[PDB]
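Just one chain is shown here, as structure tokens, and it is the form deposited in one PDB entry.
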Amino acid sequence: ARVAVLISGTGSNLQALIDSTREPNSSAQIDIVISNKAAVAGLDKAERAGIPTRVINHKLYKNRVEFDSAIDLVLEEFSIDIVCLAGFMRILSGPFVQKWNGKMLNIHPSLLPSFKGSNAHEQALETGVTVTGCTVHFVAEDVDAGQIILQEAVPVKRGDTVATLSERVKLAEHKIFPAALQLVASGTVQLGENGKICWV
């Protein structure tokens, strides 16, 4: 399968995907990396791996549909089969999500359905959980609410900050996101017609 990764930042998740798709027997190759933000490290990581990049600045579009269409143009240009959102921070429009249904994955730093949204670690700390984790899910229109592929629990330590908790959870993310990508790229895991995840 030909894979695009969308990013908005550091790209540590991207890096783990690059590394895993180049291990032997991979069913995926990363063919394009797209950022909505210039000068982010994830772009350097892609370029250092010999993977083309684009910057599509979301602020230059009137609305989300037009921005998403510009993304979609590039995904077509690269004959992309599967899209991975790896620290991508733009909510995608209905029609984009519908088009990519069953073929777009996201990594989220909590055990969904808890702590939906972009500040999951701040929520986990306020709430006082001792166990949090991360989730790979198919992307649905409702944010952080698509069908769950894999999850991994990560302990919260007394005295954690957002930084330390974030780092511990990233280590688990770098395990489950490549694993989930491989599952979907091999056709082992599919989104079924009934809208539920199917293991073949």
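In this text, the rigid core denotes the largest set of C-alpha atoms whose superposition between the two forms falls within 1.5 Å. Positions refer to the first chain, counted from 1. First, how it differs from the form deposited in another entry.
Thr164 shows a C-alpha shift of 2 Å or greater between the two forms [criterion: core-superposed Cα displacement of 2 Å].
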Given for the second form:
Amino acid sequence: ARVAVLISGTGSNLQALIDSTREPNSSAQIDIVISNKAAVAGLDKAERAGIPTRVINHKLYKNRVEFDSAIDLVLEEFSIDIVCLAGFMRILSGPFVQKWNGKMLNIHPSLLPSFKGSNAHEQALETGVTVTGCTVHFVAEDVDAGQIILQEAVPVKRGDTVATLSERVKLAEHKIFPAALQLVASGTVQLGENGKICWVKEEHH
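The form deposited in another entry is what I want next, because the block you gave corresponds to the form deposited in one PDB entry; please supply it.
A single chain, with no partners or molecules, comes next.
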């Protein structure tokens, strides 16, 4: 499966994703990284790895649909099968999300449905949970909604700061984002017609 990663900044987890695709039995290749912001660190990561990049500036389009249609056209040109979001900071239009339904994935540094929105590590610490984690899900129109693919629990440790908890969750993300991509790329996990996750036994052995 040919994979695009959409970014707005540092492309957190992009290197984890790249490294995974270069493993022997990978079902995925990262074929393009698209940013809506020029000269961000995640583009340099992609470029250093020899992956094509594009920059699409939302300010050049009259509205969100026209902007997302420009993104889609690049994805079309590059024959992309699967999209991963890695810190993409523009809300994608209903028509875009619908088109890419069941083929676009993203990650959030909580055990959803807890700690929706920004600053989930601070939310966890403020709340005083002893277990948090990260969640990879299919992207839906509503932020943080969308069917869950994988989750991994991560402990909160007495004395943790936002920084120390964040690095522990990031280590889990580095594991589960590529694991989830491989599940979706191999076809092992697919989104059912009923809108629920389907774990598929594949014909080819």
